[PDB]
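Start from the sequences and build out the full structure, keeping to the hints where you can.
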Amino acid sequence: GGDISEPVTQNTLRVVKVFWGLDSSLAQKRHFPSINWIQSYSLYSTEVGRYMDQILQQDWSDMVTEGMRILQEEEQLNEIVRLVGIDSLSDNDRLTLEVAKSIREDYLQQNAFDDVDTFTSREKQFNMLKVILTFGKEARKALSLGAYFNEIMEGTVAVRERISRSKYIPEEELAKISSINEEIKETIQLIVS
Amino acid sequence: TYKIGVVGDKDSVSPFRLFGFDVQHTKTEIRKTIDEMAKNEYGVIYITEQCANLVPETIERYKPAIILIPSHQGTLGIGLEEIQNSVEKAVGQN
Amino acid sequence: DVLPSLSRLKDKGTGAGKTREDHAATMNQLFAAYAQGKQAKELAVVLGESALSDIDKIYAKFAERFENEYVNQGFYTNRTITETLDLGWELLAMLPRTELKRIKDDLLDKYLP
Amino acid sequence: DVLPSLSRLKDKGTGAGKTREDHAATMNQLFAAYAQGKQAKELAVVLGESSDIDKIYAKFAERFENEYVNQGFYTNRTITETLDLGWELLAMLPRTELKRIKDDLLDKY
Amino acid sequence: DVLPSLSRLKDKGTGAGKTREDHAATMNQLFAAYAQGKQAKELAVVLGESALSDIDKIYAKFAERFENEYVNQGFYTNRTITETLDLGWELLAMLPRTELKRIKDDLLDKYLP
Amino acid sequence: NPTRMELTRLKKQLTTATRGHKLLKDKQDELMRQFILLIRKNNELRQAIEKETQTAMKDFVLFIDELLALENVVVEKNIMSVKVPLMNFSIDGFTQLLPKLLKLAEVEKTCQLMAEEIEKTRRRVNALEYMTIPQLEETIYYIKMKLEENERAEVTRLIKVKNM
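Chains B, H, E, F, D and G, in that order, are what the protein sequence lines are. Counting with PDB author numbering, you get residues 394 to 586 for the letters of the first sequence. Counting with PDB author numbering, you get residues 2 to 26, 29 to 66, 71 to 101 for the letters of the second sequence. Counting with PDB author numbering, you get residues 343 to 455 for the letters of the third sequence. Counting with PDB author numbering, you get residues 343 to 392, 395 to 453 for the letters of the fourth sequence. Counting with PDB author numbering, you get residues 343 to 455 for the letters of the fifth sequence. Counting with PDB author numbering, you get residues 6 to 67, 76 to 83, 86 to 88, 92 to 107, 132 to 206 for the letters of the sixth sequence.
None of these hints come from the bench; they were simulated from the model. Each hint should be verified, as a subset may be incorrect.
[Unchecked claim] Simulated restraints on C-beta separations:
{"#": "1", "chain 1": "D", "residue 1": "397", "chain 2": "G", "residue 2": "34", "range": "17 to 27 Å"}
{"#": "2", "chain 1": "F", "residue 1": "346", "chain 2": "B", "residue 2": "568", "range": "50 to 60 Å"}
{"#": "3", "chain 1": "H", "residue 1": "95", "chain 2": "E", "residue 2": "413", "range": "30 to 40 Å"}
{"#": "4", "chain 1": "E", "residue 1": "421", "chain 2": "B", "residue 2": "572", "range": "49 to 59 Å"}
{"#": "5", "chain 1": "G", "residue 1": "158", "chain 2": "H", "residue 2": "100", "range": "18 to 28 Å"}
{"#": "6", "chain 1": "E", "residue 1": "373", "chain 2": "B", "residue 2": "447", "range": "42 to 52 Å"}
{"#": "7", "chain 1": "D", "residue 1": "373", "chain 2": "E", "residue 2": "350", "range": "58 to 68 Å"}
{"#": "8", "chain 1": "B", "residue 1": "537", "chain 2": "F", "residue 2": "399", "range": "23 to 33 Å"}
{"#": "9", "chain 1": "F", "residue 1": "425", "chain 2": "D", "residue 2": "406", "range": "50 to 60 Å"}
{"#": "10", "chain 1": "B", "residue 1": "431", "chain 2": "H", "residue 2": "95", "range": "47 to 57 Å"}
Idealized CB from N, CA, C, for every residue including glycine.
In structure tokens:
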């Protein structure tokens with residue numbers, strides 16, 4: 394029944410440090426691979442975090458942690474939407490959900506049967522997540538400068554569609570992903586004006 | 002016993018002073036006046052839609072009775088939009 | 343209920359020379375439009391009909407026809423694969439072509455009624 | 343999780359000339375405040391943020409988890425530092441609500 | 343607790359000759375008003391005293407008195423059937439004629455105080 | 006945790022919570038109907054008073078500071099469960139506006155107060171519908187299963203001990 398409380402799963406998780414819990418709800422929703430990002434864990438994340446930061450010379454661990462903070466906050470937000478409705482969340486929280494949305498379907502979701510999407514290099518992964526997080530960072534600053542939520546959304550239709558395609562950018566054209574960062578910064582600042 | 006306050010441009014809300022209303026005339032200054040009026044236990048606060056358009060988060064907090076009125080130039084349809092919106096979420100149809 | 347239903351090996355029995363060249367694309371499109379249609383229907387239940395954008399309203403109407411005319415076929419009624427696929431295109435025509443994002447241009451131009 | 347946690351030999355190991363005179367009283371008041379604050383948080387997550397006093401307790405429980413319990417695995421606090429920090433959190437509550445602590449300790453700390 | 347309690351042979355030891363003619367009818371009536379009054383008490387807790395009608399306030403008071411004066415007789419109180427049936431009528435007297443549906447007007451006019 | 010006493014108690018809480026859900030949903034509906042009547046009165050009032058006020062203003066715009082220098088003269095009631103205020107107090135143009143302007147305040151406020159109660163009722167309904175009741179349903183199912191499993195395991199062992 395998918396119930397992980399049974400002895401084989403329990404005994405296994407007693408001696409292994411990684412749990413990729415597959416999820417039936419994700420599989421029905423065509424979210425592949427179907428790994429539950431709230432319940433899954435890797436006890437290697439902190440040591441890997443240090444290795445990644447060091448070999449990349451970027452604050453990758455803090456970006457992974459920020460991305461997960463957003464996903465975790467999304468789960469919190471979703472319970473509130475169920476109770477009051479999405480129109481009752483503040484502009485700040487509306488933004489968080491859109492950024493979370495982007496993480497889910499522009500990053501986590503990956504098509505095993507697509508020539509480009511089937512494998513993502515370590516460098517490509519860093520650029521993708523950086524872009525997704527930059528949008529949220531720049532939009533967040535716009536909100537604190539008096540800009541409203543949908544005004545930001547309505548004027549960033551083209552760049553958000555480009556973020557959502559970045560998973561299909563070939564490995565030798567990675568500059569096309571990193572340059573989205575500048576386009577984000579430009580258009581949002583222009584919207585503030 | 003409660004007092005009445007009025008917020009808007011001089012040309013529009015001036016004659017209200019004749020009845021002993023607190024008639025006052029940017030997002031920051033309008034928000035300050037409403038807050039003090041609320042703190043002083045005003046019964047009703049009348050305000051032009053052009054001033055109300057600048058302080059939507061302040062008004063939403065108190066929803071004194073904050074009453075949007077027109078100026079001599081007209082409304083922006085805010086008062087009737089607020090009514091329209093509340094109907095949609097309380098009843099489920101127009 | 344096609345939402346929780348699945349056939350895992352279906353790719354080996356569909357397409358050109360097995361069924362028809364438009365098989366995989368329309369399946370993906372019908373299924374994805376139906377899921378969105380039913381979602382819009384459930385949204386009308388929880389928040390009212392005034393909660394929906396038009397197109398949400400279009401998708402909702404889509405899911406109705408899909409259930410009543412496509413899935414519902416009768417227990418003594420046999421549809422050829424050609425009849426099934428043709429009927430699929432009729433339902434897809436309700437949607438704006440701009441919304442048929444799961445199907446490439448070459449197939450849309452050839453088959454869409 | 344301090345609520346289902348326990349020590350059975352804390353009574354005779356604490357107090358004046360062992361830790362400090364305020365030990366037992368503050369421990370009981372903190373436990374009671376945290377249980378009521380944790381209850382109010384759980385209520386606010388289900389019924390919404392908006395009683396006036398329970399809203400104070402909800403903020404207490406938050407500060408308690410984040411600043412008191414959460415200290416880091418390499419942080420070594422003196423008993424004095426721990427008890428003084430406990431008082432900073434009790435200062436969030438109205439004096440009228442501090443019913444586990446007698447007048448002499450309240451006036452002093 | 344009379345609601346989950348049952349005697350399956352009760353209709354065989356009651357009525358005229360055996361107890362009194364108004365045995366059966368008052369039993370059905372008391373049972374129904376008791377259940378109704380308990381519902382009313384719960385309604386007051388859920389929705390407030392605001393939501394109670396004037397008839398509802400009575401049923402709530404009926405159930406209160408029913409427990410406290412009818413069921414709660416004491417372990418050393420010996421009530422004759424006559425005394426018991428009479429007490430049932432005094433409690434049913436709280437209700438308007440309109441509410442006492444399970445009692446025919448013939449016997450309602452003979453016993454109702 | 007999965008005891009038979011918990012099972013019977015949780016089964017009771019489910020019945021109660023289910024009834025409370027129905028009651029609160031009816032209250033929300035009853036509030037909604039009354040709101041519909043008031044909100045339409047609010048709409049008609051606003052449309053009229055907006056036209057009257059702006060017209061009175063346009064007629065005033067078409076020494077004045079000296080004259081405007083030198086007369087300083092809410093009861094609570096219930097709509098079902100809601101606490102609601104009842105309010106009582132070119133120049134002749136503004137003087138005629140006042141009664142209708144105060145009526146606007148009283149009606150518009152009343153609708154705002156009805157709307158808040160509607161939303162607070164709605165949240166309680168949805169908490170029961172999407173959280174409380176399903177949590178009770180899932181727990182009852184769990185206990186029921188676990189009890190069942192252990193009783194089979196118990197009789198299996200007894201038959202083993204029997205043969206010893």
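Query - Numbers of the earlier hints that this structure fails to satisfy, in rising order - result: 10
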